[PDB]
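Novice: In case you want the letters, here they are:
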Amino acid sequence: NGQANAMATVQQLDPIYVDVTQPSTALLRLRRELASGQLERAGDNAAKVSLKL
Amino acid sequence: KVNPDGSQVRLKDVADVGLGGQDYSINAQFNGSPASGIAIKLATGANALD
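Line by line, the protein sequences give chains E and L. No gaps in the numbering here: position 25 of the first sequence is 182 in the deposited numbering, and each next residue is one more. No gaps in the numbering here: position 24 of the second sequence is 275 in the deposited numbering, and each next residue is one more.
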């Protein structure tokens, strides 16, 4: 009862999460550009674009 | 340095790469304007004007 190692595994493939990484320097640079530098905001059309395998 | 989740650090957020001089010890100018030069010595037993 309650052993660590599993005996089998089930998973769902529809949909699929994908988690990417981003350095914090680009995030703070985008924050300092988004409000005082080159002012820009796309909107809900900037929800998501595609990925590459 | 990378990690298996995909996170990475490269040679641009820890250093600034640039094309520069191999040595900064010697530099010269000519009448105030900055200019490099090459100084020729003569081999032993060689003639000068030729």
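Honestly, the hints are just simulated from the structure, not real lab data. Possibly wrong hints are sitting among the right ones.
Below are the DSSO-like pairs computed for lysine-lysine, each with C-alpha atoms no more than 30 Å apart in a straight line [stated by the list, open to error]: (1) E:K205 with L:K263; (2) E:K205 with L:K252; (3) E:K209 with L:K292; (4) E:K209 with L:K252; (5) L:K263 with L:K252.
Counterexamples of contact, computed for chain L against chain E with all Cβ distances above 12 Å [as the list claims (entries may be wrong)]: (6) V253; (7) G257; (8) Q259; (9) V260; (10) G269; (11) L270; (12) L293; (13) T295.
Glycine residues also receive a C-beta, built at the ideal position from the N, C-alpha and C atoms.
Novice: Now look at each hint and say whether the structure bears it out.
Specialist: Quick rundown of the hints versus the structure:
1. E:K205 with L:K263: Between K205 (chain E) and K263 (chain L) the Cα gap is close to 27 Å, so the pair holds against 30 Å.
2. E:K205 with L:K252: holds (28 Å)
3. E:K209 with L:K292: Not satisfied, since the Cα-Cα distance of roughly 61 Å exceeds 30 Å.
4. E:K209 with L:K252: The hint holds at about 23 Å.
5. L:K263 with L:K252: holds (12 Å)
6. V253: violated (10 Å)
7. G257: violated (5 Å)
8. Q259: violated (7 Å)
9. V260: At roughly 7 Å from the nearest Cβ of chain E, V260 (chain L) sits no farther out than 12 Å, so the non-interface label is violated.
10. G269: Nearest chain E Cβ is 19 Å from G269 (chain L), so the label holds.
11. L270: holds (23 Å)
12. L293: The assertion about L293 (chain L) holds, with a minimum of 56 Å to chain E.
13. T295: holds (59 Å)
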